[PDB]
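The form deposited without the partner chain is given below as one chain in structure tokens.
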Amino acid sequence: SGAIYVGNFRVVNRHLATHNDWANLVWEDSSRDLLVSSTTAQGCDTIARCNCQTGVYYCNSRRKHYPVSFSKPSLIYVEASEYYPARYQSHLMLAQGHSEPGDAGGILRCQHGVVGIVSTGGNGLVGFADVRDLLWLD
């Protein structure tokens, strides 16, 4: 539910992908924590064609939507976790905000449509993986 559905695509955190995701793989990138898989049914979401840097996301741990201001996508060194070794993550946008394990998957939106998806968190920051350059999705 922590997925973007655009066209015949389902976009998820790569660390959260299901076996069925991999069985219907379209595209994946560890350095971004993104995986896209094929769908049978047409999705309801649109990808934002803008450079907005404020928006609203869904926080899973709080079950609320929050307004947020987030930095332009950058290369960020992200510490080791149970999902990845310490590595450079690209396309990562950071906001001051509540963050708990399980928040990954939460969808970030602006008036133009979907901006990104929660991927990282810690130290009082929420990191969203930007999807706006993925023009092939829409």
Given for the second form:
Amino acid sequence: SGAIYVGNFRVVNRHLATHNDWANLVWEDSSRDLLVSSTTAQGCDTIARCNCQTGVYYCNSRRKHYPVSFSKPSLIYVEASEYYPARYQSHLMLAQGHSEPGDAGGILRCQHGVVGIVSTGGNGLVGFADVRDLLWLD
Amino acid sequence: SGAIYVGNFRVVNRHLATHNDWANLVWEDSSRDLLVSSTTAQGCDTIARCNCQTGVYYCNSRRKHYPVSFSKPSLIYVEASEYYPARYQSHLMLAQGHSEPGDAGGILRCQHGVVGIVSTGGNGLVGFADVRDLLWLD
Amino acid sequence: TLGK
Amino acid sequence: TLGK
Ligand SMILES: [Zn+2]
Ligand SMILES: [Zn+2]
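The form deposited without the partner chain done, now the form solved in complex with the partner chain:
Below, the chain from earlier opens the complete complex, with every other chain and molecule after it.
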């Protein structure tokens, strides 16, 4: 849990990447909070080929799946944290919803497969990093 | 398609097994029409830990998923075919439904995972080989 | 048993 | 960006 496994790729929040992720690095983007590493096993997930703006994600802090409506991906100014300085984060989709420390990594899904992964939140919002344009994963 | 892949196992109708299935044989049962072979990759499926008697299966001849209600597994006398002599087939669950040549192998699923696989049919019935007791697959 |  |  906390990652998307598609083909021979593992997709994780960049800020949560492991040593083994970096050893097997395929691609990373700080402005998206995304990192993709190589795997030895084939993954089970599918990347949604769609423009759905409703779906379900897993919330780690509640151990529950929740339905969610979220904005189209956008450039969003995200305030400083112990993970990044204040910056523009692109590809970020916002929903009203619960979040707490440790929720980053929860996978957002629709009928077409994986849509994104929890990256940010606060002030009553949850921000998901969209992955649907990374067509090279699938 | 036409098989269940769970862990390092592939489950198929015995009567449809391949040469590579037999080379990598783990277990087979003619009275169930089941064969399990070893795989090199990890599979994506999960065996349902349940007693559901409703679910959805894929029909090869229609290229459609259909909802279905089916009987508890039973011993059923199955008439001769080019695959087996007349015999008792155990673990067989019957539903009313469409079937045609080539539908064997369609996977039956519920909310808890894989329930069984199309094995038999005729006279307006579809018979599914239950796999839920094979707890060693998962 | 099917497989046609 | 989260990860707490
Ligand atoms: Zn979708
Ligand atoms: Zn079930």
